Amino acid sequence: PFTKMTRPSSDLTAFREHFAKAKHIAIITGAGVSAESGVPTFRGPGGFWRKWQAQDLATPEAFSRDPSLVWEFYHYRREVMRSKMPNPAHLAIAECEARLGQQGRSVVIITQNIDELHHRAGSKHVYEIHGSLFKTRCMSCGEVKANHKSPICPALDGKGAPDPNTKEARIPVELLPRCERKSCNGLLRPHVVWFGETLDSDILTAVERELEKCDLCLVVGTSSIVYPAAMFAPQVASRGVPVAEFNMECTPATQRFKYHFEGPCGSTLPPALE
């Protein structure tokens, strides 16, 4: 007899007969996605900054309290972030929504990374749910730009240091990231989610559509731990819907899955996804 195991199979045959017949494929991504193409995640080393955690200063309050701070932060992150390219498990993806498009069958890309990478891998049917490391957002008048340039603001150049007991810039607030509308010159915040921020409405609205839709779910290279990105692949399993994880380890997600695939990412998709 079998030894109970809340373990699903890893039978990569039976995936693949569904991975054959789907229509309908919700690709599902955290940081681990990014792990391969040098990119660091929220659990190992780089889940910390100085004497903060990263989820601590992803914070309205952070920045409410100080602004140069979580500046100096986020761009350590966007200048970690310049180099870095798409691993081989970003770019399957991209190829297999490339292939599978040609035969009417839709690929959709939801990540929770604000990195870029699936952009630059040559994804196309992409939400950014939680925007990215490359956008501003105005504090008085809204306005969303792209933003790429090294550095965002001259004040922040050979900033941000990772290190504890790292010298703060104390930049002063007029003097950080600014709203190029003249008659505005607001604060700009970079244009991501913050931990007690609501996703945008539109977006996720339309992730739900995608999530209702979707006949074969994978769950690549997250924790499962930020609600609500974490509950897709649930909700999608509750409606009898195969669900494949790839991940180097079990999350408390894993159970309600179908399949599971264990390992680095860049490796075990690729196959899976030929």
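Superpose the two forms; the largest set of C-alphas matching within 1.5 Å is the rigid core. Residue numbers count along the first chain shown, from 1. What changes on going to the form deposited in another entry:
Residue displacement note: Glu36 has its CA displaced by at least 2 Å between these two forms (rigid core superposed). With the core held fixed, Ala58 shows a CA shift below 2 Å between these two forms. Once the rigid core is used as the reference frame, the Cα position of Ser238 differs between these two forms by 2 Å or more.
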The other form holds:
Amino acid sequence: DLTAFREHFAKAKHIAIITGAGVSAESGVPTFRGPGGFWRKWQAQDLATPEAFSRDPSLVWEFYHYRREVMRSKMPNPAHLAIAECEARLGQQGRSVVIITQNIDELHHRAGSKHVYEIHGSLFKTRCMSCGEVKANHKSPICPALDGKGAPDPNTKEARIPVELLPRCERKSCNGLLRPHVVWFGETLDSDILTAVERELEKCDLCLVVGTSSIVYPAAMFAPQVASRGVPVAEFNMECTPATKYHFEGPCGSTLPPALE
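To complete the pair, please output the form deposited in another entry; the form deposited in one PDB entry was given just before.
Coming up is the bare chain, nothing alongside it.
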């Protein structure tokens, strides 16, 4: 019942919103996971690993360049916008809204959200493999050698870019190879980020889970802690529930703006 949810919403002083891939799929943004989630011959599992990057950094950079380039035409959706405007409106009333996102597309930022924790990183940040520096980067193309590369067709030829001409670190002394600042399969989530997330979840008095489920990851890491404080959890996702907290079934860009208005 939306009315019962809205009664909690009206009273909540600290809302934590966790968002997963559903909220980014609705902006037209490929995940690369599942049936037809292919880029050339590969799926995301194959490419988003340090082993892929070590063995074929040009191929991995072609893949990330394609993804960066495709973001230009993909736009935040009504769910992202509702979330951002809710944060602004409630902030003026002294009420806090924070986003904990699995998504690396920066769409929440483009929507206007300020308090965002990107637990898997961002397509538009780099990390230097040598000095460790993390830097924002929205350049199209990220480096000249990648211009016009990254085609997703199976029979595309590899660019096979010499490593020296992949994106390099611009601290004059360093010049290290840059990688995407995205958490890859087999890597740890940042401890500092998780500590900040734990503090927000512990202080929150209403938690929303959008475009994913409480029962799987990453929600499963924190949602039980919230529930066990007696705090309501509201899921917005296209997933079904049997005859059995709150669940609003459907696309989040339809459900969420009504819930959050």
